[PDB]
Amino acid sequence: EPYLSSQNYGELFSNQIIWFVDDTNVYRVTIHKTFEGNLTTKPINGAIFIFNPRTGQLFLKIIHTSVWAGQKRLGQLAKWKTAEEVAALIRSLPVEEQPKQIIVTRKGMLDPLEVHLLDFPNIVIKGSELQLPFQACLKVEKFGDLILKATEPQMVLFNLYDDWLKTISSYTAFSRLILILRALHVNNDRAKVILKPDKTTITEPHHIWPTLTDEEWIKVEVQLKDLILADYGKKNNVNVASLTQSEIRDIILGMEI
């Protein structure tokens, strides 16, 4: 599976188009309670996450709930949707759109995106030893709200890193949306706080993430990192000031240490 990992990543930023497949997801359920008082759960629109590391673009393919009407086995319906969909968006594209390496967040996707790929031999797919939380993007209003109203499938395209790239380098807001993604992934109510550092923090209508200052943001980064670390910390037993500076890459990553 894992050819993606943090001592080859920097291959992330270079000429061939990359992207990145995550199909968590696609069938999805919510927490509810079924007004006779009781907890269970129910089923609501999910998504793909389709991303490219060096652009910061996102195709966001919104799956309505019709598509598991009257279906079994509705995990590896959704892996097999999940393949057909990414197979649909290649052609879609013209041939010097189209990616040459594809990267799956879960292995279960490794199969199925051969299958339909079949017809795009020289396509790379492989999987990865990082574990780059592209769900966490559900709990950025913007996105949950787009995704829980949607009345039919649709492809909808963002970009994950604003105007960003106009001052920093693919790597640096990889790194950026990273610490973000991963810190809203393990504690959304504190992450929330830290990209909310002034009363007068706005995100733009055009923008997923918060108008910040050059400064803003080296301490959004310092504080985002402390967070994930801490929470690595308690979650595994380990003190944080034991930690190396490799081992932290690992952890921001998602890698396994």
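Positions refer to the first chain, counted from 1. Note that the rigid core is defined as the largest set of C-alphas that superpose within 1.5 Å between two forms. First, how it differs from the form deposited with its partner chain bound.
Superposing the rigid core between the two forms leaves a single residue from 213, 41, 65, 188 with a C-alpha shift of at least 2 Å: 41. Taking 2 Å as the criterion, residue 14 does not count as shifted between the two forms: its C-alpha moves by less than this amount when the rigid core is aligned.
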Given for the second form:
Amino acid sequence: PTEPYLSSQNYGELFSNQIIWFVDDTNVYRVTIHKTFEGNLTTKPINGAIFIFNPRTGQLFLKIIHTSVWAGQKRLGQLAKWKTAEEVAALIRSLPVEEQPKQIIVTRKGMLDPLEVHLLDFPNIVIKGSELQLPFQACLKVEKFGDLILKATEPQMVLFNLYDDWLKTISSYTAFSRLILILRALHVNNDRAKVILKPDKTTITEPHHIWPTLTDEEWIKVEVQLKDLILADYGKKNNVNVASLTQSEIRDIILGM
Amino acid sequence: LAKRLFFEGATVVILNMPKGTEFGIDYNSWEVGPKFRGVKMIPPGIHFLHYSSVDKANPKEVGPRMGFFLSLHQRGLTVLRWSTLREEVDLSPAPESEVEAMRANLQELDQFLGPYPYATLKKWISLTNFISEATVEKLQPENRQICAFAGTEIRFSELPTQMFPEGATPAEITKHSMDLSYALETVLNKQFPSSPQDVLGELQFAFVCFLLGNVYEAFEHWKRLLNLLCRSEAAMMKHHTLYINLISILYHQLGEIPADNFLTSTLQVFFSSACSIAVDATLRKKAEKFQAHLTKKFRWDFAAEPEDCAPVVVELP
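For comparison with the form solved without its partner chain, produce the structure of the form deposited with its partner chain bound.
Below: every chain and molecule of the assembly, starting with the one above.
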């Protein structure tokens, strides 16, 4: 029995002809700290989102998960996985046939079974996990996204494109690498990395864009810094801090081993 | 004491079994030769009889194990014969003329009969006390013999692959994929229309056929069936005594496993459902105790939610 998965050997398929979605369920069940009327600290759920992302076009489907779906429900943790799969399935159904995904890659293995069950009517879709640990969960540290989710009053599907206008000047592989670098940096530390994304006080991101408007050399500058921020976190975490192991060993770091 | 089993026990005699054959009942085994002609002092009830031929004439310490279930009676006498043609035991009924001569001879045959070791009875009962004649009659193969390696197929109840009713909406697909109670009831009503707890005998039957018959496909059925039961949360409210018995069945079954994952997950779900405030208090107190037992034994936290089920904790003002 074959058990496919995104790996370092095949990850070129992301940019190949076919249509591929990443699905991250990580941020659909979220809570915050909360004080009861009686003055005791507990948690309460806040809104979440499903991240559905096409790595070849940059296309993002951000399904906002409003807390009403939890109301009067038990074991939200388990239920979140099944809610995600319902929405991916509902999304696939609304798309015309030539737009449905050929492969769904999940960030978390708990999503394989619920997806398989809800996608039983789409027998040709590959549903598999990933050996690369891609930091898609940091998408809500992007304040445009975090705030739209936090304040949503109703379930909604909002479409974005994570590659802004890069695809006019760079390939999907380079575009993807740039996005994962930013996301991993935002995962390493939000604050240091948002600084690095504003090299200049006049550097502004467009209204319809996600990422700051930068020159070709500024982007080079920002990507060097984000690399150093990620690697300084690896060294400090794993206490094997060398510039010595980097012969495309960095490729393993940035993508997630 | 239990000396009364000399007079009141059952006796199984096997005729013309080749020297070196492996023969046994329940957890007990004997090597076969001219000085061994079966088993005496067997406690009445249902028992599992097994045997393996020699490998390839000269013993290589192997032979595919075969087995069959017998309902044995007080002062009963069973006469089994070896088939030279088939290299297996012939369960064909012995002529009652042949049986009566055999019983007239038990006094002299007693030197050649191994006493059933009473010290193993208590463990065998713990694994089979829910197996009835109805169970054996329903599950055993067409030709009644279970085999490690075609008329030998155990006749297990069909288990559903689809957990939800036909035409279910996405929300109903979700509800019935998380709570298998609808699925479990579809099996109960078809297999055991009037006595749902008969499922418990089928679960012991499967476990025995694996543990003592080395039939792997009965371990898989045991797994499927146990999964159907442990993830059927609503059902615990409905079939409450069924689940009280399942805990005791399971304590003895798992006591015979070394725990070489499928069980840790299904049992976590079971304990979540069985230990909630929702269920009958005696089920909850029993599930509580079994949980602590299982934790200490297997060094696992069956009372923990799975790690991948935690929410993101978001810092916000």
